[PDB]
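J.: Here's the letter readout for the chains.
2 protein chains.
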Amino acid sequence: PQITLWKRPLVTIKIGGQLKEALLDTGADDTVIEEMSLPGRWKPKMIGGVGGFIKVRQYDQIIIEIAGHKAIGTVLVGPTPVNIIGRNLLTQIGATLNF
Amino acid sequence: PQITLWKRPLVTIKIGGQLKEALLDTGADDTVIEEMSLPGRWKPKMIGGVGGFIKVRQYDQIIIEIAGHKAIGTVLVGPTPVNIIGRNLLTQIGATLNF
Ligand SMILES: CC(C)CN(C[C@@H](O)[C@H](Cc1ccccc1)NC(=O)O[C@H]1CO[C@H]2OCC[C@H]21)S(=O)(=O)c1ccc(N)cc1
Ligand SMILES: [Cl-]
Ligand SMILES: [Cl-]
Ligand code: NA
Numbered sequence: 101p102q103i104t105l106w107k108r109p110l111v112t113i114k115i116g117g118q119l120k121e122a123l124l125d126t127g128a129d130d131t132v133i134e135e136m137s138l139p140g141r142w143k144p145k146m147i148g149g150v151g152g153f154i155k156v157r158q159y160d161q162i163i164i165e166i167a168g169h170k171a172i173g174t175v176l177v178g179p180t181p182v183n184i185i186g187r188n189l190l191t192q193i194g195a196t197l198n199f
Numbered sequence: 001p002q003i004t005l006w007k008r009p010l011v012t013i014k015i016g017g018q019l020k021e022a023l024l025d026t027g028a029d030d031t032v033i034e035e036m037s038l039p040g041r042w043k044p045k046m047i048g049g050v051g052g053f054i055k056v057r058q059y060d061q062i063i064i065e066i067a068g069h070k071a072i073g074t075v076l077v078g079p080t081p082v083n084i085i086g087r088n089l090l091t092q093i094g095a096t097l098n099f
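Keeping their order, the protein sequence lines are chains B and A.
Residue 101 is where the first sequence starts when you use the authors' numbering, and the numbers rise one by one after that.
Residue 1 is where the second sequence starts when you use the authors' numbering, and the numbers rise one by one after that.
Hints are computed from structural coordinates only; laboratory data are not their basis.
Note that the Cβ used here is the ideal one computed from N, Cα and C, for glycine as well.
Treat each hint with caution, since some may be false.
[Claimed, not checked] SDA-like cross-link-like pairs, simulated, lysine to any residue; straight-line CA separation at most 25 Å:
| # | chain 1 | residue 1 | chain 2 | residue 2 |
| --- | --- | --- | --- | --- |
| 1 | A | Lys20 | A | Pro81 |
| 2 | B | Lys114 | A | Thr4 |
| 3 | B | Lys107 | A | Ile93 |
| 4 | A | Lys7 | B | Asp130 |
| 5 | B | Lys145 | A | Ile93 |
| 6 | B | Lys120 | A | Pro81 |
[Stated by the list, open to error] Pair ranges (Cβ atoms, derived):
| # | chain 1 | residue 1 | chain 2 | residue 2 | range |
| --- | --- | --- | --- | --- | --- |
| 7 | A | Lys43 | B | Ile163 | 39 to 49 Å |
| 8 | B | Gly140 | A | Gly94 | 12 to 22 Å |
| 9 | A | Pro39 | B | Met136 | 45 to 55 Å |
[Unchecked claim] One-sided excerpt, in silico: chain B residues whose CB lies under 8 Å from chain A:
| # | residue |
| --- | --- |
| 10 | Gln102 |
| 11 | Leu124 |
| 12 | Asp125 |
| 13 | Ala128 |
| 14 | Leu138 |
| 15 | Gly152 |
| 16 | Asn183 |
| 17 | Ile184 |
| 18 | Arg187 |
| 19 | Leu190 |
| 20 | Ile193 |
All chains should be modelled from the sequences, with the hints used to inform the complete structure.
T.: Here you go:
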């Protein structure tokens, strides 16, 4: 698809068998999702945005469908205000910015 | 141009007579620049992201040149850790996400 930016670029994702809404975010290095259960071990990480930093849980090699495209990669879990698909998984689905 | 997302999508902008580097950020509703002077009226605003909220000055009808493309709109000025070009100006340069 070609997604314009007049509204938020929200898509459906599927993770752990559950559908969620997430933002395609070229300003995010990292995918970060709201609190949920994921399999395996996690590692600590801090991520910093406009209001400061938060602690998140880093899960690696997580299966996640994004707008119907399959990705397998790192998902951060923590008190983000919105689910965000960052560049680590945008590259897996072949996304580019065009103007 | 077509900008891949292996690295942060940074571009050169011109704003208020000044050249700056800024992030093309589809996850940002609004454009937010580090502290600088801009002419004209402003009003205070709070914007929230990961980490919480910051207080900014909202300047309307500001012209910015973004990687060679002129646009006008609202620019928020405050203690953002990174200069961010948000959707309000991305739309004006015809930026899309494609995959
Ligand atoms: C500020 C950026 C350099 C980094 N952010 C991504 C950014 O796109 C967020 C993503 C985002 C979106 C909604 C809520 C929180 C964060 N947008 C944002 O802060 O935009 C603000 C300006 O316009 C407003 O519209 C959205 C909030 C305001 S971030 O959310 O802090 C973040 C940082 C690191 C990772 N790995 C993932 C996300
Ligand atoms: Cl605007
Ligand atoms: Cl358009
Ligand atoms: Na103005």
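J.: Indicate, hint by hint, whether the structure satisfies it.
T.: We went through each hint and held it up to the structure:
no.: 1; hint: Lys20(A) / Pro81(A); result: holds (14 Å)
no.: 2; hint: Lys114(B) / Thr4(A); result: holds (24 Å)
no.: 3; hint: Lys107(B) / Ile93(A); result: holds (15 Å)
no.: 4; hint: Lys7(A) / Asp130(B); result: holds (11 Å)
no.: 5; hint: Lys145(B) / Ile93(A); result: violated (35 Å)
no.: 6; hint: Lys120(B) / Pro81(A); result: violated (29 Å)
no.: 7; hint: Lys43(A) / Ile163(B): 39 to 49 Å; result: holds (46 Å)
no.: 8; hint: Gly140(B) / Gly94(A): 12 to 22 Å; result: violated (42 Å)
no.: 9; hint: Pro39(A) / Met136(B): 45 to 55 Å; result: holds (47 Å)
no.: 10; hint: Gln102; result: holds (5 Å)
no.: 11; hint: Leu124; result: holds (6 Å)
no.: 12; hint: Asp125; result: holds (3 Å)
no.: 13; hint: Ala128; result: holds (6 Å)
no.: 14; hint: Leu138; result: violated (19 Å)
no.: 15; hint: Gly152; result: holds (3 Å)
no.: 16; hint: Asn183; result: violated (11 Å)
no.: 17; hint: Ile184; result: holds (6 Å)
no.: 18; hint: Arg187; result: holds (4 Å)
no.: 19; hint: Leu190; result: holds (5 Å)
no.: 20; hint: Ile193; result: holds (5 Å)
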